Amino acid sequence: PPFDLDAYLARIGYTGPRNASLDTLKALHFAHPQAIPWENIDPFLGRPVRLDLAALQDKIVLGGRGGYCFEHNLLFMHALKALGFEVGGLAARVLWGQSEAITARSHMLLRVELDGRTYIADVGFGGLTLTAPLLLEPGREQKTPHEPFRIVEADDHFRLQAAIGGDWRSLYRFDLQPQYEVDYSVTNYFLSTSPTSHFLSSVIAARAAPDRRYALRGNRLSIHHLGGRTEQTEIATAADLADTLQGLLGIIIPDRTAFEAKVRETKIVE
């Protein structure tokens, strides 16, 4: 089908100018991850994740659900293309929370060419969602609506890093090789279905807000206040987990019974 830009902008609550400016890119990059949560509900429930434009719009834009990295950034790319931006897909190997080896190119991000300069954009990283586009300028410290970020060079590739707890912490590493939807479909198949993929076995969710970030992993809820404390709470029951997801985090669980059942079966909570 075509992309319904009005419907997407409605989903994310964007009523600003429709053009291919840096101002617009910034506004969209902030609004999207506040409106659409990061979640792995479908992979966890063993439901297929479809990346074609029709299915993304129906799941996320019309159906009011969220998704993980490919869903977020494919949708975001479609929207930016509709607005007249020059945008391409990239891939990355995740470094955040891993152990120091080479991980699979399991993450999607975007490249945006704007007023003669290269930016990256990424509204789909689960560990810490970026809320502004970043100039691809190695070393430079860049303010965002949340944490500062920087891109550094390493060998013949780049790392994206965030300033967290007074340290520069690597999120992921990438090069500028272009990626297409077909490339993402292979990785998506692996992450959504492989017995080795943790996206099948854990509940992982996040949503940005103006002054904070909510992050959930299993029965642990973290609320990170901007330039402030992080509240940590342990979620006691499968029912409470579902309630936290659906209330606080704005996540829709299509089959709550099967969800709670799996949470109990797999011992995610007590």
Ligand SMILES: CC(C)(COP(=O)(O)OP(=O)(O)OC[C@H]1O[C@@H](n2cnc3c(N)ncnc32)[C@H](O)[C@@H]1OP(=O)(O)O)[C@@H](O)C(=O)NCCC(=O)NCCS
The other form holds:
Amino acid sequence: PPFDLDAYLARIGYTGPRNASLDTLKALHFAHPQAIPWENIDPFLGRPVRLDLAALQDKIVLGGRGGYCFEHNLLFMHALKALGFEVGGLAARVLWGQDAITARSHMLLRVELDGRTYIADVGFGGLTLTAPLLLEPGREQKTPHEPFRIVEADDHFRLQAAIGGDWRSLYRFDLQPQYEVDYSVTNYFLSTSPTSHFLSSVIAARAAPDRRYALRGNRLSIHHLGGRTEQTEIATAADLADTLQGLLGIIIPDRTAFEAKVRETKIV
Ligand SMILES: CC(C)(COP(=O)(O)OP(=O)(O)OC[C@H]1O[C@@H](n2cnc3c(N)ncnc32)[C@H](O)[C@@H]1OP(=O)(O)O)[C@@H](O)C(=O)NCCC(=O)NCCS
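Return the form solved in complex with ligand COA of this protein as a structure block, the form deposited without ligand COA having already been given.
Time for the whole complex; same chain goes first.
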């Protein structure tokens, strides 16, 4: 069974030209993270996260749900390939909120356009990129949201975002290619290891034209573009599920089990 490009583009609301241009890459990179939320509902509920194409597009595209980094960026890669882009998988060690050396727990993409290398990443979370970036060290690059830059550190690169007047590192990466089987090993760990916090907390995000929504446990943050950050404490399991399903457009397959676990584990 092939990748259903029509259904994917309908899922993200893209009605533009279908080609392998930079303009198209920019339009898809803006739309995807607004249409499809970042979330860990399945890992939280102990449900398997499948990365194979058939399962991935059933869940996110037909089923209208979201996912976390591997789900987002594998999906995006499938779309970019179907549109004719030259795209490869990469991996990264997360620096945001992180001991000395962290695992390669994140996925991003490289896209080759007329001999130039871009990175793309629609799956990081709170600070998911809303434009592709030129792999050009040192340079501040504007996006439809925050400014980003890539800095060169020995062998590797760090992707940084400008937050509260500081350059903050999201993650570090090299150009080693990665394939689906590599991501499946890391995904198994993140989604099922008792140590992994993707299993024990509720975490979510979604981009919007003039803001980002981000949620960690019982704290909702609305980051207005070039503006204030509104923060809300969420008092109950019920209001947590309301916020996810209403405001963030996130699907909770079993709300009772969800609320039950939230109450059990003292998240609120
Ligand atoms: C879970 C997550 C979405 C929560 O984001 P959040 O709600 O903004 O909360 P965080 O605690 O992460 O943010 C840290 C601080 O930076 C600030 N911040 C985060 N995003 C911001 C933005 N877009 N603009 C301004 N400030 C921001 C927060 O307000 C917070 O401020 P504080 O220091 O006053 O508390 C985010 O931590 C995340 O995306 N984590 C990475 C997930 C990951 O590992 N992905 C790859 C593997 S799948």
